[PDB]
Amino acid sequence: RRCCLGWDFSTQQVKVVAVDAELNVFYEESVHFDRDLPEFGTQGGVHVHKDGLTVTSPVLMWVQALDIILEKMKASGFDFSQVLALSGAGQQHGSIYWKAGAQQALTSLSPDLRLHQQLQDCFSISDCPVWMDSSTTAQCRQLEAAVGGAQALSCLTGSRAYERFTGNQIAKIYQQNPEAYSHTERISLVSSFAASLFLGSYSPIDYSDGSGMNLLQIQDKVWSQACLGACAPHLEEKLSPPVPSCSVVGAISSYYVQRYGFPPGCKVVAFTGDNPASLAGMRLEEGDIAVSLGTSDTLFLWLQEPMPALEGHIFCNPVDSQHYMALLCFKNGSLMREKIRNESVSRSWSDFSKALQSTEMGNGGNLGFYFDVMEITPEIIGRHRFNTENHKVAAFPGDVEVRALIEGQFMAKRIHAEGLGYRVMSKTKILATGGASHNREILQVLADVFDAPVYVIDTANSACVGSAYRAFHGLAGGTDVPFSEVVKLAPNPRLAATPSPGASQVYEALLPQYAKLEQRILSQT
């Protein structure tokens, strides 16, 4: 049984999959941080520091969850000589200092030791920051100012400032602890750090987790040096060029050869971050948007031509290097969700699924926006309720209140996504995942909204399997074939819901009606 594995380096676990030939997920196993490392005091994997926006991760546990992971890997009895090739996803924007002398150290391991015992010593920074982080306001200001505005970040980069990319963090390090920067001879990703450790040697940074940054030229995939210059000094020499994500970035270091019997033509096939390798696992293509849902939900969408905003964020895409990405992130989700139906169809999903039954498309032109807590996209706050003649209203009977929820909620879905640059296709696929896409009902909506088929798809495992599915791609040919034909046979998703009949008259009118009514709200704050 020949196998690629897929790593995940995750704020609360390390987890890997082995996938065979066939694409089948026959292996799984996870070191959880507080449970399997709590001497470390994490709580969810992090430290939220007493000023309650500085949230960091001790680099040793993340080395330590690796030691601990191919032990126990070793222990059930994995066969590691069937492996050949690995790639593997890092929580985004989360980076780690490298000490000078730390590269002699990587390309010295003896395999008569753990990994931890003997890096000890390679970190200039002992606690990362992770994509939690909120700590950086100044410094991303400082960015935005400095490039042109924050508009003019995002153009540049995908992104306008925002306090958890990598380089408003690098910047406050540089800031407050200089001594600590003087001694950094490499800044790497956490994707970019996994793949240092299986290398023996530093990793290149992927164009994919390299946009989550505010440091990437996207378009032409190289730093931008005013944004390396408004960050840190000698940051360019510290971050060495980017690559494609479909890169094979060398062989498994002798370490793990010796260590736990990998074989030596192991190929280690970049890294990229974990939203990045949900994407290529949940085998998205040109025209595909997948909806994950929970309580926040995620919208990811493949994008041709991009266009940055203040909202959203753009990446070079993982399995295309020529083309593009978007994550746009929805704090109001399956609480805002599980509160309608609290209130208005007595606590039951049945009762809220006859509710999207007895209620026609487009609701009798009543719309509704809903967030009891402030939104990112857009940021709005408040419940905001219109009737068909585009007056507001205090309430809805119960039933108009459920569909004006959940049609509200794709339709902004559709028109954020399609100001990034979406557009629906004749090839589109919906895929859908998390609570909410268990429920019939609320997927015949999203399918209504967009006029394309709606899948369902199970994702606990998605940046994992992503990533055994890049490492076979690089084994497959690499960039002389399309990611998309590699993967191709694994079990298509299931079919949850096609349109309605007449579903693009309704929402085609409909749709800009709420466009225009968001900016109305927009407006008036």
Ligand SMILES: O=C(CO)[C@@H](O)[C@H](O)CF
The other form holds:
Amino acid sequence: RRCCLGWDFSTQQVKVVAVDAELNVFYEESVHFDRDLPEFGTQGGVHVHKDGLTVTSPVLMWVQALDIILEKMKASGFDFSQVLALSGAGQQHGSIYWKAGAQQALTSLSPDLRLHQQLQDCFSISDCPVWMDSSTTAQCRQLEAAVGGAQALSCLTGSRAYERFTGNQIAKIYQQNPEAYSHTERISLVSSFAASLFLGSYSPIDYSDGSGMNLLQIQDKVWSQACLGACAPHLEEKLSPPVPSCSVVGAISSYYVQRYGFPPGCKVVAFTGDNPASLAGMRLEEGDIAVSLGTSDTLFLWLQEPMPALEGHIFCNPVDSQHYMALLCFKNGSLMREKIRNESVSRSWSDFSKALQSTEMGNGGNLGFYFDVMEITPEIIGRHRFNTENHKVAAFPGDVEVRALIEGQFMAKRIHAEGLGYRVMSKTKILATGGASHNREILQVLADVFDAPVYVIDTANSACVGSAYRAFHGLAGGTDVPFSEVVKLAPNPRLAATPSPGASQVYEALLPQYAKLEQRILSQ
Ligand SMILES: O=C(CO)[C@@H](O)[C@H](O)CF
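Give me the form deposited with the named molecule bound now, not the form solved without the named molecule.
Zooming out: every chain and molecule, the one shown earlier first.
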């Protein structure tokens, strides 16, 4: 049983899966930060600072967690001699600042000691900013002004300036702690930091996670000189050139060979971000989209031809370096669905389903926008309801309300995805995951709106699994072969719904009416 390992250096834990060559997951293990390393005093794996905006994690907690998990695997009897290759994912945006002289410690690791003990003094910043940090608003505004505005930055990097994006965090560290910045020889993302631990030398950053920094020119796949210069000095030499995601960055360090019994030929495939790795785990191809339903709803799009905007995030594609992917986040998700269920259908998901069954596609032309909290895609708040003559109304009947919510939420996902360059194709598959993916009637509206089949998939280990798939892709030929042909044998998702007859005719007319009403609300 030969295998690849798929790692996930996440906010709350370090996780690993072992996938065999038939692409079956046969082993999983994890180390949970608060529970297993309580000495760091984290909550949710992070430290929220007094200001309520600065959010960090101690770098050495992530190092120590890797030591614990490898020893936990050993103690369970995991056969490391069977590992042909490995890759992994990192929580996006988060950064590691390596102190001058740290690569000498990485390259001289002794198998008799743990990583934590040997890399103890290798970091110029002990508390790493993570994806939850929102303390860099001034750096965001300065970065945008320096390059010609929010739209100019997005065209260049796939996103306007976001507080959590790495370049804004590097700028804040350079401004507030210039001494630590001057003593930093290398800056890694969580993904490339974790790859560096397995190599025993610095890994480059990949194109895909490299796209979550407001630094990489996504088109030319080179660092933007204007973005680098607007954040901190000598930054390019600290980052090193970025590489295609399907790159063998080196063999595993002899440290792991001697300490754990990994074979010396075990290959380390470039790590990537957790969202890009989940896209690989979900096996999205051209024309596909995944809908992650939850407290926030997240759209994962494949993009051949990107159109960066003031909303969403375009990244270089992890499984096809010539194309792209995008994330679109919706703040009004499951709480909004639960509130409408409670108000209109007697707190019953069954009556919620029956309201969708008992109403026609297009809802008689009744359209609704439901934003009890300020929405981000787009920036609107309030509930806004319109009847078949496009007149604003105060309320709908209960059943109409349920369909207006579900049908509007899915039409918005389609409209905002097309704003970034996405187009439904004859090959299109829609993948759905999360709480609301357990409701057939909700998934039917989704199938009708996009005029494409919907499949349900469990994604709890999507980043791990996607990483093991990418490791297998590197062994099966890398850039010489399509990722999709390597993973064709992986488990297929179950088909949940297919568009009803006439759905295309209904939504071809209704989608432009919904988009016009959205623009009407934004302007007024
Ligand atoms: O900030 C995010 C995406 O831009 C998150 O999904 C982090 O990757 C979670 F770790």
